[PDB]
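2 protein chains.
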Amino acid sequence: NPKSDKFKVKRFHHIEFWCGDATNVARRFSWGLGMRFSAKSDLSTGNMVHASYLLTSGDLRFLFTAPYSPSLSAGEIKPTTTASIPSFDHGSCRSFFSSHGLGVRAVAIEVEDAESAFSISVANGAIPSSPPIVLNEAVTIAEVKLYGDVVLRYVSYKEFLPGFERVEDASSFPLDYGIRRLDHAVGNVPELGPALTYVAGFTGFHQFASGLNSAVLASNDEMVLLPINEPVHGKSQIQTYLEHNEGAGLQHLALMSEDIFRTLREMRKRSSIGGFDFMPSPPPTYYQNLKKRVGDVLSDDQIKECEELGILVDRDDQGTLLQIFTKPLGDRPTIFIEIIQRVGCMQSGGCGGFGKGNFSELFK
Amino acid sequence: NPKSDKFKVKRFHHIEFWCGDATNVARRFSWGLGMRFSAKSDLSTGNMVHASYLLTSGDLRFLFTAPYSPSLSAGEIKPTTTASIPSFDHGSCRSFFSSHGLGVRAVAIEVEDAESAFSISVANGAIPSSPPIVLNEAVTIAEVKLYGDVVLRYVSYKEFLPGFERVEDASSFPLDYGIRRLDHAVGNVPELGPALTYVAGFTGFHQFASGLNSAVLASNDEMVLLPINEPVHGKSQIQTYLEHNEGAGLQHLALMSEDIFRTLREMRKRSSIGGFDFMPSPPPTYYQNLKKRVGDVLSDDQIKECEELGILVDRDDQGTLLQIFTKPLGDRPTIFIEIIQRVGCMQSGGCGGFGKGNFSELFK
Ligand SMILES: COc1ccc(-c2c(S(C)(=O)=O)ccc(C(=O)c3cnn(C(C)(C)C)c3O)c2C)cc1
Ligand SMILES: COc1ccc(-c2c(S(C)(=O)=O)ccc(C(=O)c3cnn(C(C)(C)C)c3O)c2C)cc1
Ligand SMILES: [Fe+3]
Ligand SMILES: [Fe+3]
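One line per chain: the protein sequences are A and A', in this order. A prime marks a further copy of an entry chain. What the first sequence shows, in PDB author numbering, is residues 15 to 172, 180 to 230, 242 to 266, 270 to 381, 391 to 408, in sequence order. What the second sequence shows, in PDB author numbering, is residues 15 to 172, 180 to 230, 242 to 266, 270 to 381, 391 to 408, in sequence order.
Check the hints yourself; a few may be wrong.
Pairs count within a copy or across copies, as identical chains cannot be separated in the list.
Under the rule of at most 25 Å between Cα atoms (straight-line distance), these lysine to any residue pairs were calculated in the SDA-like manner [said to hold, decoys possible]:
1. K172 to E340
2. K362 to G184
3. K304 to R50
4. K172 to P211
5. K24 to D127
6. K92 to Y322
7. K24 to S52
Note that these hints are calculated values from the structure, not bench results.
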């Protein structure tokens, strides 16, 4: 839109979850989402600091990290660290998890120059989290505060980060349920205004046009979308999140699927056998009314298939979007996932909206 | 053997894992081990303190617990607690996990009288962890220190604990790979002598007849088996465990299978899709030699099936045992699982031994 990015942003690079045990979370997510085990950085690769496992599905990258006993790297100093992600900190990790529980620590975006991106962001009010560091004279990584204890990590290149080792053979089963990339990453905050002013201030991201108030910030080509909500008192779902999460943090990750019907069949088969659960499906009435609001974009047959899978539908102009939501990913009623597929706008980011019309249509 | 139990022990009741996120660990374990989601105690059941999920497979019960934000129960006091497991403590839980990582907090055994069991144990040198508390005038639970931060929980009745809610319908998929009960729970300690003297001292358990020294303690009917190892310096596998685990703790849980061949086929199918990995199989030579050492108990065909599944075999007198080991359950190279099936002794506990002969046969 006005295209005011203060630095060249390319696209989402990865999402990093800080966990208690990386192995168990990553394996659960791999099976439930159909993401392949692609790379690792841990004791077997010489990393005495943290255990990190990368899952991939198309362009989507989910990183799962947990801290080893500090005792293993007690003789190291930053200049001699065996960690592959220099920003990692045992104390910060444990504190983050103890406070918020399983959740996203970093929303990483690929930029043309992470060093430049960091300096420009800070010059513009971003709170530094981790300075630019050049890994193997090939990749540069830097971090600034986004909201709560969630950071925005900048990654630039001159597969995954150096230090990581590609997973081979049978250790890497080719799971794939259709998920292809991260559409949007939404955060919950107590006060939307200051959060918007802060994030838009350091990145230059423009605004992309109950119980909550929301706003979507987007890069120049609107492919990187960072929405934010705040609660509206007088009980907000966003307020309950803030309480259980102990403050602001990522609310949901919307994952684009090249075939949402296939992704939902595959995910639903695995719900009760190690996978993810979905929220209760809409009533039959929602599908009756769907025939009247999107009848021109989806046949009666495509609508029945949406009903079988509990898929929700909504639309703007230019496009339509199919979406569905999982139940919380872990113990706390905080972070959850959204599976989405957009029809139209030939594709332009945000085609079809974000389903705000479903909040209403669902209640009816 | 001498049958010196100081109180009436019945059998293993459950194993409790203290986690960062109970939901994710429990769902991963459910799928990888084929254990049904049977009961829960969390926000939906009114528990504002902890999230606890029970998985069952035959008589085997695996409990997964994680602490919610203390803020949710900040107005509670022990006399008004909403926790279903009165021994739970946010601080202790977080400390345990931060220190050791994902692992067993409690090895629970059913006794005729948990109050009596606790008092007698303490009179005999057991270090109290949690006093006897009567839940819903129906179940009594008490805890004493076993080793490290692992406690021995006594449970007596007058399904699972009160407060827990049975999982119904589709929320409980009937997974079952053949696992039926807990055979033995082994702990690693720095000094075997004092640990044996301590545990045998308060329970009356009798001794059931490289790099390590081990000893097996057993109840009267030898159905409850609590083995313990210590490292032997001059690098012990047990020493590496102690370092990564930050001290003593449960090393492995041996799970009895009513059909180890079926359990291994099912588990192996799921290894790379959210399940558990197994250690590298024995060489073909191990199976050639197996034909000569157990040829009278297992046909050539049964031996080839053991080779396909990587199952190890060993024997004493009275019986033979089939066993296999998974790779560590979580991030740290600490706790792992053992799948076992015993042939003979018609069944008496410990029939066939524990595979000590395999340590040698494997190296060759
Ligand atoms: C907690 O239970 C839930 C789950 C999903 C929704 C829900 C619904 S519902 C009630 O229909 O199910 C419709 C759209 C969106 C949705 O994902 C969204 C809404 N606005 N935006 C922005 C980008 C503006 C934050 C989104 O990303 C969401 C989260 C609401 C409550
Ligand atoms: C860490 O890698 C491993 C995995 C398994 C074994 C292993 C082997 S191996 C080398 O053949 O694979 C054979 C038997 C047993 C076994 O489970 C055991 C041994 N003694 N006892 C007692 C009860 C006395 C502690 C047991 O419970 C075990 C743990 C050894 C190293
Ligand atoms: Fe969304
Ligand atoms: Fe064993």
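Hints, one by one, checked against the model:
In this assembly of identical chains, the alpha carbons of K172 and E340 never lie at most 25 Å apart, being 46 Å within a copy and 52 Å across copies at closest. When the C-alpha separation of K362 and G184 is checked against a cutoff of 25 Å, the pair qualifies only between copies, where the shortest distance is 23 Å, while the shortest distance within a copy is 34 Å. Taking the shortest Cα distances, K304 and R50 sit within 25 Å of each other both inside one copy (18 Å) and across copies (15 Å). In the homo-oligomer, the alpha carbons of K172 and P211 never lie at most 25 Å apart, since the shortest distance is 39 Å inside one protomer and 49 Å across protomers.
In this homomeric assembly, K24 and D127 come within 25 Å of each other (Cα to Cα) only inside a single copy, at 10 Å, whereas the closest approach across copies is 66 Å. Neither within a single protomer nor between protomers do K92 and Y322 lie at most 25 Å apart by alpha-carbon distance, with minima of 57 Å and 49 Å respectively. For the homomeric pair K24 and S52, the shortest alpha-carbon distance inside one copy (22 Å) is at most 25 Å, but the shortest distance between copies (47 Å) is not.
Checked against the numbered hints listed earlier, the structure breaks hints 1, 4 and 6; every other hint is satisfied.
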